[PDB]
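K.L.:
Listed here are the chains, written in short residue letters.
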Amino acid sequence: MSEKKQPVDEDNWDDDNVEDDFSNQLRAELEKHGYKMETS
Amino acid sequence: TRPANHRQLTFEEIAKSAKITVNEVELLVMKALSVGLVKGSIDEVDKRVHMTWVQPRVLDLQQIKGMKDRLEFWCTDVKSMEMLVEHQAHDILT
Amino acid sequence: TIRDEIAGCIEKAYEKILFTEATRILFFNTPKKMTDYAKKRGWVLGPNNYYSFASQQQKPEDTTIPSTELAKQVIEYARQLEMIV
Amino acid sequence: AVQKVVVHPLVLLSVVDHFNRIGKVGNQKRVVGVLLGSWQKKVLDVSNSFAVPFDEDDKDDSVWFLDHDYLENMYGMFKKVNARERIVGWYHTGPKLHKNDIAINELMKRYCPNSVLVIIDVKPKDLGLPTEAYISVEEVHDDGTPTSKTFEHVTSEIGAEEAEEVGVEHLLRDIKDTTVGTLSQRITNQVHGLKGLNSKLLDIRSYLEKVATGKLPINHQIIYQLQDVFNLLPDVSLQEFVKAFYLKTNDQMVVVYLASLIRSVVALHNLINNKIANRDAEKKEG
Amino acid sequence: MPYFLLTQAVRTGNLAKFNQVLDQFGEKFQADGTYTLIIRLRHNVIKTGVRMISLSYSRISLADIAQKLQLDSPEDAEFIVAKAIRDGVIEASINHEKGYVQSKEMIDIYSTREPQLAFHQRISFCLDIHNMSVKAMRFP
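Keeping their order, the protein sequence lines are chains Ae, Aa, Ad, AZ and AV.
Quick note, the first sequence lines up with residues 1 to 9, 40 to 70 if you use the authors' numbering.
For any residue, its number in the authors' numbering is found by taking its place in the second sequence, counting from 1, and adding 282.
For any residue, its number in the authors' numbering is found by taking its place in the third sequence, counting from 1, and adding 172.
For any residue, its number in the authors' numbering is found by taking its place in the fourth sequence, counting from 1, and adding 4.
For any residue, its number in the authors' numbering is found by taking its place in the fifth sequence, counting from 1, and adding 357.
Please note that the accuracy of each hint is not assured.
With a Cα cut of at most 30 angstroms, we get these calculated DSS-like pairs of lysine-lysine [to be verified]:
(1) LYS279/AZ to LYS4/Ae
(2) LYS329/Aa to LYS231/Ad
(3) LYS8/AZ to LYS63/AZ
Every beta carbon over 12 angstroms from chain AV, so not counted as near; a handful from chain AZ, in silico [stated by the list, open to error]:
(4) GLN32
(5) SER140
(6) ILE266
(7) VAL270
If you are wondering where the hints come from, they were derived from the structure by calculation, not from laboratory data.
Cβ atoms here follow ideal geometry from the backbone N, Cα and C, with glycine treated the same way.
Model the full structure from these sequences, guided by the hints.
P.N.:
Written as structure tokens, this is what we have:
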């Protein structure tokens, strides 16, 4: 404005929530998905 | 006779009143279905009897008193709710 | 102020809880606090067990009770339609 | 037989104004005239009418007499000026018929095969749609009593064609018309509960009164049967009426959404075009 | 950035993931004075985990659920659910013998109550848009 308080101090986002779920969980993932095969 | 409804009956009730076998209660109730005094459908899986409609016959003095009490019971209720419907709609009419 | 909350928060809603199992939370040995709870709760006292009957409790339906306020809400809602008009 | 009747305001007025004729000369009783109807289908229609002098002695309280020659001449004039018009029955202003009115129909039944009598009300008071319509039939009875003639109710409605709507709507100059969509449905919404209540309340006071006084019959037969029919419906949930809840609301779902859909469009065109036509038109003036 | 990692670990059902962020990134929260939420947010993390597990599992064992949420003991497994029922978090009915926890899915009331409550805000807001448009429209 700049008056008063402030001088004192589809889209891809909806799916980017789920991507954030993929970031902290199960990586992507390829390698682990391929490593779980020979474990048992 | 039952205040009901709660109009569903049971095979044991007809088997006790009519003192007949369970296999004959079929033609029993179905005869009345053909006559038309009652339209109630019969549950033959649980042998239960489900009555519908009713056949009015005569009346009793006690039944007139119960009548006018149950009858006025309707007018007081519908008038009380109706006046609420016009209560909220009174200021927007004028 | 915690102990009365054991009684309040155990039910609703649990199907049943065994005798000595609740005795593990009330501590003591065979206190009269659980007898006073057999009064206050009521609720049920069963042999070597307990019960939330009946049933879980009061069984709200609520059938035709909410149809009154369901009509009532629409009354003033239609009034808001008439305020436009 | 006859299902419903249609009575125009013109002929109705023709009863009322004759009530002003005999009003100044008085005295007792009620206006009695012969109705002119028009029958184009099973639905009945009334256009005009003609009054007839009628007097009821009191001694003789069941004595009733009409003018037949005057009836002939006036109906002949109206048949002369209008070929389509004909007598469908008779009429009186009531307000309540008397037992003697059963034979009045039997007289003129030589003129018309089925003569429908129409009560009217000159002074509007209560309880709703005016007048009345009765048809003369014989239902016998299950008792085997000699045949009793009781008139049966026929639903009546006020209507018109073209020119008769003109004057009626023109002379009022009182209340808004109609107006459909806003004040036509809400006012009649309160009319539904109000006219339902007072009808039910006067008649339900009658039911409690009939057993104390008015016996016999009264009750029976017609009373108890319809009584049980009244006890046929409680009428609510359980059960499926519970399931009609969310689909009624779900019928409101799309309606609220369409509402909010166009509400933003109204604000669109209005605010956009007006703010432009406000500041951009004022800046050129000053 | 530190704050964003906070909410990232908050929406998750892992409790240890949440306790790590306060340790590493608390130094920034000191400056904002935002520690007032960090004590009361734990309640919301446990409620989130139990909500997930409630809808995502028909029948769950109270002893086996503690290992995933690092609940650590059998006794608090009853406590979280006790207050969950008390606050209306989960409608499941629980039997204590072993014990076990079973859950049921009830519906159909649903769109009766929830949409009409929203409509009360929707329509009132739309007519307010109408009033605010009429106000600025009548000035010329």
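K.L.:
Are the hints correct? Go through all of them and say.
P.N.:
The hints, checked one at a time:
Among the hinted pairs, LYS279/AZ with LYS4/Ae is consistent with the structure: their alpha-carbon atoms are about 28 angstroms apart, no more than 30 angstroms. Distance check on the hinted pair: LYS329/Aa and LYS231/Ad sit about 28 angstroms apart at the alpha-carbon level, within 30 angstroms; holds. For the given pair, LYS8/AZ sits about 37 angstroms from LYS63/AZ by alpha-carbon distance, which is inconsistent with the 30 angstroms threshold. With 12 angstroms as the threshold on Cβ separation, the claim that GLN32/AZ sits away from chain AV holds: the shortest Cβ distance comes to roughly 60 angstroms.
For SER140/AZ, the shortest C-beta to C-beta distance to chain AV comes to about 53 angstroms, beyond the 12 angstroms cut-off, and the non-interface label holds. With a cut of 12 angstroms on Cβ distances, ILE266/AZ falls inside the contact zone with chain AV, its closest approach being about 9 angstroms. Listed as outside the interface, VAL270/AZ is inconsistent with that label: its C-beta sits roughly 7 angstroms from the nearest C-beta of chain AV, within the 12 angstroms cut-off.
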